Every structure is written in structure tokens, then in C-alpha cells.
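Q: Fit chain B with the ligands to the known structure of chain A by using the hints.
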Amino acid sequence: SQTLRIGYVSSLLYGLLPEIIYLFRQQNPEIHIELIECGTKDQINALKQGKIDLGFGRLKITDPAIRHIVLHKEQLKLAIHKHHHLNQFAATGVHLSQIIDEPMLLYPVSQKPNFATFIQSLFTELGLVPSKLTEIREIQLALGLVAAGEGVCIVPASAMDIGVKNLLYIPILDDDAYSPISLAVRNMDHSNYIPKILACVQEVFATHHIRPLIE
Amino acid sequence: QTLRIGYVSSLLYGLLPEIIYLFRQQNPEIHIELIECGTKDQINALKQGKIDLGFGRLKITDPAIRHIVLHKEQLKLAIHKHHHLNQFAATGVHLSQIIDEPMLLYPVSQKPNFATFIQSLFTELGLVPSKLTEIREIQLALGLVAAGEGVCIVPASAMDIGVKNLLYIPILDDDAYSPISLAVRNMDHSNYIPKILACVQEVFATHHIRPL
Ligand SMILES: O=C(O)/C=C\C=C/C(=O)O
Ligand SMILES: O=C(O)/C=C\C=C/C(=O)O
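Going down the list, the protein sequences come from chains A and B.
Using full-length UniProt numbering, read the first sequence as starting at 89 and increasing by one per residue.
Using full-length UniProt numbering, read the second sequence as starting at 90 and increasing by one per residue.
Please note: incorrect hints may appear among the correct ones.
As the list claims (entries may be wrong) - The calculated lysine-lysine pairs, modelled on DSSO-like cross-linking and capped at a C-alpha distance of 30 Å, are: (1) B:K161 / A:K170; (2) A:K253 / B:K129; (3) B:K253 / A:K139; (4) B:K253 / A:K253; (5) B:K139 / A:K220; (6) B:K161 / B:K253.
Stated by the list, open to error - Derived CB-CB ranges, DEER-like: (7) B:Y266 / A:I124: 23 to 33 Å; (8) A:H171 / B:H120: 19 to 29 Å; (9) B:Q163 / A:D264: 38 to 48 Å; (10) B:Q163 / A:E291: 34 to 44 Å; (11) A:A153 / B:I124: 35 to 45 Å; (12) B:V197 / A:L214: 32 to 42 Å; (13) B:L261 / A:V217: 56 to 66 Å.
As the list claims (entries may be wrong) - If you want the footprint, here are the derived chain A segments under chain B, 3+ residues with CB under 8 Å: (14) 119-133; (15) 247-253.
These are computed hints drawn from the structure, not numbers from a lab.
Backbone N, C-alpha and C define an ideal beta-carbon position, used for all residues, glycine too.
So here's chain A without its partners, still in its complex pose:
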């Protein structure tokens, strides 16, 4: 009997992660499981300290003690209210240099590096300096607020299915406009539950026909 403790960023609950856990549970019934919400940075510390054994996240934080496997690179979308003047680019899509002056929401509020600093790093890379930014606690608030008419917000593709009403998700046409889904584990951790969970990720992935091999 092993209690495997898994860290996750919230937006992954709307993708394939729950299936992967479900699959893992059915295949490994003796291994009990706990899920904890925490940012990618906090997972490094959680992992290092042994608070969690696996970390599913959105950022590659390089570190001696941490082995980091990129699972899938997911396109980014700009979330808007359905009446916002960027409607017209629903089909074609937008470059980030076209919305530098738009009131924008970043998320989450957390110890850096965040998904917030990930986006700001994308702006820097693309020579862009956003004039109107606001930080919001977590993703569902951000989207709620976009629906409430408080600006636009860059999110990953799988945020589309979240359930907040009256939104549109404009494609982002930039080359670097992708958010990597990754699994962080302890470099020294040689437990069998690591390759097992990786087997599940691949099994689910293959069923959904998104199957380049990981690693």
C-alpha cells in the first residue's frame, strides 16, 4: 500500500489528466492517491521536500534534483467576451503584437516563475511590452472576469472547455505561442510508480490519437 501524492495545476483538470489517474488507479488498485493544487514552482519545492512524488505542470524549471519530462505542447488561445471587437479574428487568429494595448488578465498569483511570468517571457521574446496587465488568483476567475467584461486573457487550448459562458477563444498565430504540459519528478526517485504513470499518460494519449512517444 503506497499513497502516491500528485501535484497539479488546476487547468489540467479539464484535460486528460483525470482519465490518466483513473486509468492508473484501475491498473494499480493497491496504490492510493491524493491530488493537491500547486504552481509549477511550488512543485519543485514540494518534490524536493518529498511533499509530492509527481508534479504535473506548465513550466520547465531547470534544477539538479528535478527530472522534467515534456508530455505535450499545447497551443495558446486568447479568451475574449463574445461581443469584444476581436470577434472578427475568431476565424483567422491574432498575433500578440496586435493586442499589446488591450486590458489583459494574467494568472495565477503565486511564487515566480508562474504561468504569468511564462506569458510575460513570451512578450519579451516577441519584442512586445503590454501596457495594461492585471494579475488574478486562478484560471476560472480570470475567465469569469473576461465574461464579466474586464479584459482579455491568454489561456491554453484546453481552457476552451471550462464552462464559463459567453466566451470566444481566438487562435494565437505566433510561432512561440505554446504552453508545454510536463511531468516533474525527483531525479533520484527510481520508484516504479514513475514509469507506470508515464505508461498511463501514453495509453490515454494514444487512445486520443495524440501519440508521439514521450522522451
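A: Below, chain B with the ligands alone, put in the same frame as chain A:
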């Protein structure tokens, strides 16, 4: 004016944002701040003037606070799509029949909260659940359900929270509803109160009627 509004996270998946968006269009001169805040914590925030309106799912009585029930919303049992209760997707189930199901409550917050509300529904019917687990908040509860860790009673609007591979079984008991109430300072007669209720109506009536 700077109007400050308290809300619970699940409401963001329903009509509330439309209500805010509408109010914001009709009253452009009024600035708005939205703050996450449990229904219990709303009582104290109102008293302090920390917030002006509270949007919650419980009717916590208090001399200082007026509860305006906006909508009584049906509760549903969230289950994994292969869970043995999927037989009852059409017919629905009773709370007396799920007392022994591994159950997830939420959130983890100062009580009374939605967790104590759900617990009181069983207590009210003389039922005592054999396996309960408190979970931080709704998204995780449903994620866990899809992960195969149990069942979770949730309001109807939770159906649209797009956690994959779930079914939402009707709950047949008469008491099995969650009231969505507006909490305000008792004697507060600001004109944003009637205005916000007007916006609630307009959004409600648009959806009670439309779309085709
Ligand atoms: O995906 C989300 O919903 C939130 C945060 C993601 C990464 C981070 O904070 O490092
Ligand atoms: O609605 C939710 O998502 C959670 C809690 C609601 C009310 C409360 O805790 O008082």
C-alpha cells in the same frame, strides 16, 4: 462609486458574469471589484463594508444581513460515466440510496459552508453517510470524481464545468436544492441593490425564455 461584490467560485460557471456584464453596461459610471469569498466570510465582509453585495449558496441568518433568495437550484450527483449509478441517469436517485457511496464534500473553508449544507440534508432525513471526504474546492471535487475516487453532490450549473467523462444523476428528494441568495447589509438602501436585482431579472428572464 466603487461597488465591491463577493461571490463563490461555482457561480462563475452560471449566469452571474452575464449579470455583472449587464450591470456594467447599463451603469458605466460604476466601477466594480469582484472578490472570491465564502458565504460565511461574506457576512463579516458586509458588516465591515468590505463588500457591498454577497452572492452565495447558503442562508446564514444574522441581524445585520438580509438574504434575498434569487433561485432555488436542483442538486445533481456527479459520478464517473462507468459508475454503477449510471443506471439512474433517466430516473434519478434518492439521498437515502447513496449514503454508503464514497462521497466528496466541498469546499474546505470556515463553516457553515456547502459541505455542512450537504451534510445537513442527510441529517434532516435521518441519514448518516458512512464515507465523507472534504475537498478544497469544486474543480478538484469533480476532477477526483472523474479520477474515480467517489461521487459528489453538486448544483445543476456544475454540469457545464467541463471535467471530462462525467454524468450528473438527478437527486429526487424534495429538500435536494441549493438556494442562490444575494446577501446585503440589512438596512442598506443604496440604489445599486434594486439595480443589481433588475440585472438578475433581465438575465434570468432572457434565459427562462431564450434561446431557441
Ligand atoms: O494552469 C493553471 O491553471 C495555473 C498555473 C499554471 C502554472 C504555474 O503557476 O506555474
Ligand atoms: O459554491 C461553491 O462552489 C462552494 C461553496 C459555496 C458556498 C459556501 O461555501 O458557503
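Q: Straight-line Cα separation of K253 of chain A and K129 of chain B no greater than 30 Å?
A: holds (26 Å)
Q: Determine whether the Cβ-Cβ distance between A153 of chain A and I124 of chain B falls within the hinted range of 35 to 45 Å.
A: Because 38 Å falls inside the window, the suggested range holds.
Q: Do three or more residues of the stretch 119-133 of chain A come closer than 8 Å to chain B, measuring C-beta to C-beta?
A: holds (count 3)
Q: What's the verdict on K253 of chain B and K139 of chain A, does the C-alpha distance respect the 30 Å limit or exceed it?
A: With Cα atoms ~27 Å apart, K253 of chain B and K139 of chain A stay inside 30 Å; holds.
Q: Just tell me: holds or violated, for the beta carbon distance of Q163 of chain B and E291 of chain A against 34 to 44 Å?
A: holds (37 Å)
Q: Given the hinted pair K161 of chain B and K253 of chain B, is their Cα-Cα distance within 30 Å?
A: holds (26 Å)
Q: May I ask you to test the hint 38 to 48 Å on the CB atoms belonging to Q163 of chain B and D264 of chain A?
A: For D264 of chain A against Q163 of chain B, whose Cβ atoms are near 46 Å apart, the range 38 to 48 Å holds.
Q: Does the alpha-carbon distance linking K161 of chain B and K170 of chain A stay inside the 30 Å limit?
A: holds (28 Å)
Q: Does the beta carbon distance between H171 of chain A and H120 of chain B stay inside 19 to 29 Å, or does it fall outside?
A: holds (20 Å)
Q: Is the distance from the Cβ of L261 of chain B to the Cβ of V217 of chain A consistent with 56 to 66 Å?
A: The hinted range 56 to 66 Å holds for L261 of chain B and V217 of chain A, with Cβ atoms some 57 Å apart.
Q: Within 30 Å, alpha carbon to alpha carbon, are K139 of chain B and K220 of chain A?
A: holds (26 Å)
Q: Would the pair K253 of chain B and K253 of chain A pass a check requiring their Cα atoms to be no farther apart than 30 Å?
A: Since the Cα atoms of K253 of chain B and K253 of chain A sit roughly 17 Å apart, the hinted pair holds (cutoff 30 Å).
Of the numbered hints given earlier, the model fails none.
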